[PDB]
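Undergrad: Residue-level listing of the chains:
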Amino acid sequence: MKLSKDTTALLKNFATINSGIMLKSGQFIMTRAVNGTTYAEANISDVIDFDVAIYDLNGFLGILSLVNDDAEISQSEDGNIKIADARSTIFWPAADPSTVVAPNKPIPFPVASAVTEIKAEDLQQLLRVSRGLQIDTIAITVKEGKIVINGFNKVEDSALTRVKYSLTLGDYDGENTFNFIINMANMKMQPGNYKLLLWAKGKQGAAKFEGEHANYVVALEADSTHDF
Amino acid sequence: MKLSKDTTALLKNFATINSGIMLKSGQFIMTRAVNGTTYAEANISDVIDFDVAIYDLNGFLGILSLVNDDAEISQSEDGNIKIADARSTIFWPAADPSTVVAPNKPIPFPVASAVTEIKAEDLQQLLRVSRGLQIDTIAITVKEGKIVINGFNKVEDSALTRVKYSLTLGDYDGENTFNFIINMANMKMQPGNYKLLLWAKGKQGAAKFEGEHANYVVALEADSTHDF
Amino acid sequence: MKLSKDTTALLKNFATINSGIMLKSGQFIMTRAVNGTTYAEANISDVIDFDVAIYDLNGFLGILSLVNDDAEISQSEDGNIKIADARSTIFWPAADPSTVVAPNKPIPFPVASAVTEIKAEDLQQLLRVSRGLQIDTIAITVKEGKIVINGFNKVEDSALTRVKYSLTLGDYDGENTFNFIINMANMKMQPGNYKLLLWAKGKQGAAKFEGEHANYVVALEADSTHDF
Amino acid sequence: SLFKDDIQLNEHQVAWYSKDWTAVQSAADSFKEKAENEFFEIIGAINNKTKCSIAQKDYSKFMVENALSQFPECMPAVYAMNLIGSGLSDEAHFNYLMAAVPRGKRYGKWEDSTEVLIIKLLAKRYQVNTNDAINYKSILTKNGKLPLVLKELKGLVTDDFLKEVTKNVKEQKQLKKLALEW
Amino acid sequence: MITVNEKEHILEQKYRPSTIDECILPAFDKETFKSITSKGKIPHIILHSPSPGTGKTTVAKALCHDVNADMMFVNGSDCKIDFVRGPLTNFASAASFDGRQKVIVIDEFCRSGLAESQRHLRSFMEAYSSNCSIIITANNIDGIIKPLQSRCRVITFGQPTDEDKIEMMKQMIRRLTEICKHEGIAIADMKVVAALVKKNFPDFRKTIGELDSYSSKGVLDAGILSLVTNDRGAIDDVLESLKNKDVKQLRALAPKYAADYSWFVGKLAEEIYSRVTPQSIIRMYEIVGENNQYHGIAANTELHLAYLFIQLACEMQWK
DNA sequence: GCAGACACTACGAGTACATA
DNA sequence: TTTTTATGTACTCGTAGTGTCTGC
Ligand SMILES: Nc1ncnc2c1ncn2[C@@H]1O[C@H](COP(=O)(O)OP(=O)(O)O)[C@@H](O)[C@H]1O
Ligand SMILES: [Mg+2]
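Protein chains in written order, with the authors' numbering: chain G, 1 to 228; chain H, 1 to 228; chain F, 1 to 228; chain A, 2 to 111, 116 to 187; chain B, 1 to 319.
There could be a bad hint or two in this list.
[Unchecked claim] For each label pair, taking beta carbons as the anchor points, the in silico distance ranges come out as:
#1 H:183 - B:260: 41 to 47 Å
#2 B:279 - A:84: 17 to 23 Å
#3 H:24 - A:125: 28 to 34 Å
#4 B:9 - G:99: 32 to 38 Å
These aren't lab readings, by the way, just hints derived from the structure by calculation.
Heads up, the beta-carbon is just placed ideally off N, CA and C, and yes, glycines get one too.
Model the full assembly from the supplied sequences, consistent with the hints where possible.
TA: Encoded structure:
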């Protein structure tokens, strides 16, 4: 019931999406931002044996970085979370699950309207250039028959007219023309190769990132234009 | 008198207990809390010459943080404290010894009613867990032969019901039962090893921390219980 | 027109002069310091295809440091700056010409009223202690026949009359004595000592360099003692 | 150097075209005009029957009443607002005083530093009140050397203590005023 | 004939004017905008009116659209200091390859503690005003530091002349007609729209909204007219019973407002100040303020509130 | 094997508010 | 023709010092 450092690294990522988390027993974890903005699901290497809801996941792991990694976690008779160390013990209070906005069931992502496949280092460079060019919102669309991502500076761009980047990704074999806008603040996924699934029907839409262990559903923007 | 790095750091610690300090001729420095809850003493390697009272010990160490290590701290022919640098020279006004509440009464600790020792990294982990877990009061009792320190949330927990942290510090020998509650606020020792001395008889008591250089004697909270 | 590491390093250095050195077509680069108190000029390896204005060069090179070194830098189709990489394409905005100040003319070097030099590996050791022992304005004068450099901390020395660090560099074949007093906030050289060439007129009086990489100019100070 | 016969842009342009923001900070301060503020002119509107229409102006029953506290002819309404004006609307407070003050034509205006430092310094030392502190000095000016107790209290004249009474520029001519007391 | 933003659903912005000529302004101001657009470059303009919904942000956007300007719209509340030095300068120093005038609209700029960012903007207008211009839309004009008004052309909205008001309301009565035509609202009585425009005038956003709230039936019959002309109440029954000295209704309305005493006493003072004579203004605030002073000291709060009603009836000389 | 740079906190300042 | 007094609370902003993370 100890938590490996890659699992906790994934947990500290989920804390960026939602300040809390509701995790039941098993190997599957998930969370969704309160403002329905992002949703992450992932199966991991450790096994949770008991349902527990954590009101402050950020502070939980920040405290869990103070005991040795061999720390045995458990549900104490003190009905909270017991962090047994070599000498010390941390009784982190379990929270009432009603106070943690969490997906009551995993979001079954619909059939993708368009499929591409971002690379991990391509995603890495995209974050580096955004922090340098103040890129706040990006758009994934078609350019000369290929699926590309284009970032803007919605602060200075407003209308989103002046392109500031173009990560040419895959090729598009369909006939549809789409302009899906994602907010960079909702790019809460950890770096890693992702199969990008796009869906949009009418005035709805969402993007899914299938990972080697962690999946992420990030929301599209109000101005996303498509012909699906 | 010359003020080295280890001694100024001690004065930076003693400033936290009392806004100033009174120090008379010798190598023994001592300060007490204004309310009388935390007494600190220290024999040092730097020898001071005259007797002086500093009202603004915090500001005194800040002004000293511009002079080179050769800092000549001398008495002014009128009475003040001049600080001679390699080039520059500063004048600081000294204060009356009755302005600074001095301990004045270094009566020795009695007989240790209970004895253990807390490691440097064990105090470190206690102070770092409390920073993340909001622990305001700790109680030192016995559990299954070994004595432990338990941290609570006095505000979030009236009569110290639910533990939030527990650190074991070795086993107790005599057949006594007690629970000395110390306020985390009035606990101002610097990092390091401290042989923990605990004295309490009847309705009076105190906790003494024996560091390799200095000593810290804090008071125990009134709620504490013991059968000594 | 890919930029090499030598060019980017001189550009990075030229950024410490002007907030955004505009460059012209060719292989010559020059940057008048915002107001008009420092100048820099250099020839370098890479050919310039287009004369553009740059606004924030430091961030521009910081964006360049995110793509490959052999990234083909082109002038964008809409008149900006395209940085073609392997998969990406960074569109750095071109600046308005009236919003940044560049040399109207690459400043002709007058006939040197005096000629000297520094060293070969003393610059790195000269400016190290110069910044270390808080000295602002620096002076250049003849002493023992040789011309030397020796400045004063104009902070604690508004009247220029002290001494901090001397440097013997070589004898002065000329037969006339002077003393110029350049502001420290004007000098910012790359590694390797260069040639120091002095000049002075009535109510003027520059002072410049010639280098293996670049030539650097500074300003007059009205109250400078001139002999020419 | 300066390129002599080129146009020199204004200091705003100089500071703005340079990522040196401390000079840009000096550029914005050039328009501070904080000395050119407003403050009241509602009292004048109260005793002139002018369309004050306060709303956004800083209304202080504490102040607006205490200003009419100097003029005894306005004191009947001030005595009422002292009594029952507590918990009365600000807009109602100005509106009551509109039809309550007699005639207008706004008028004039409404205990020294070096004494008031000693009075407040003796008060903090002996932990006494203003009244007691005031009497302490007055008896000490007459008897056993007040000059001696001035020296006893030269160490606790901090700048936080000083500036608390009369900021302006005096707390520096007062800081090292009681310096020379040894 | 009216510009619609067919993705809005909210009426009050679905039919937001696009150009100056679609806006409803006083003739001189409307002419002064059409001339400002004709001259090519926009000056520094402060558009202000304490009464909201008069045309500020619309005209600010309409000037940028008429000129076809590279408009940078910004919420004046997020216009902090690191913003004026940041994305504002980056935009002002961008290359205008397009030739269109760069204009920055700072919407809702008048704010409390934005003083340092405000003076920075003034000093910014001595450097980059060569390139770009700034349109400010504010409610309180004073929230704007004096240096900015000194530089900017201050056009005060919502303060129309009588003849300008008459024509403006008539234009607005035709606008709400063209709204009801395009939305599907039946105008059974034209005096509804006239009373809609007139009741809440200078705020054009609010009067369009009121039409939406009164479109709940899909038709504007005279019943809706009786709604708009119904002057509502708040505490109209107590004021009415106080003017009539009706001791019976004061006796029965005291238990109505003894629940929220502190609000009612404050609302009562607000209402009587308009309805009562000036020599009674003295006795009014004295009777009320004393009654509120002893509120809570009085054992029976309901009877104490009736005490206020009896005290006012006897002492108030009514209008 | 640490620096850099973003990220975080604390604090002075200024602001607005409700009391006596 | 004038320009200020106390205590306690909550919020925003700016900047500056400190903390955690990353390079061709
Ligand atoms: N002068 C006007 N002419 C026409 N419509 C207006 C006018 N003023 C406001 N409106 C209506 O109000 C909305 C715009 O309000 P606006 O004036 O931009 O806000 P503010 O005045 O508070 O800045 C628009 O949807 C528009 O329909
Ligand atoms: Mg608006």
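Undergrad: Against each hint, give a clear statement of whether it holds in the structure.
TA: Results of checking the hints against the structure:
Range check, residue 183 (chain H) to residue 260 (chain B): Cβ separation about 45 Å, and the 41 to 47 Å hint holds. A hinted range of 17 to 23 Å for the beta carbons of residue 279 (chain B) and residue 84 (chain A) is consistent with their spacing of about 20 Å. A hinted range of 28 to 34 Å for the beta carbons of residue 24 (chain H) and residue 125 (chain A) is consistent with their spacing of about 31 Å. Roughly 34 Å separates the CB atoms of residue 9 (chain B) and residue 99 (chain G), a value that falls within the hinted 32 to 38 Å.
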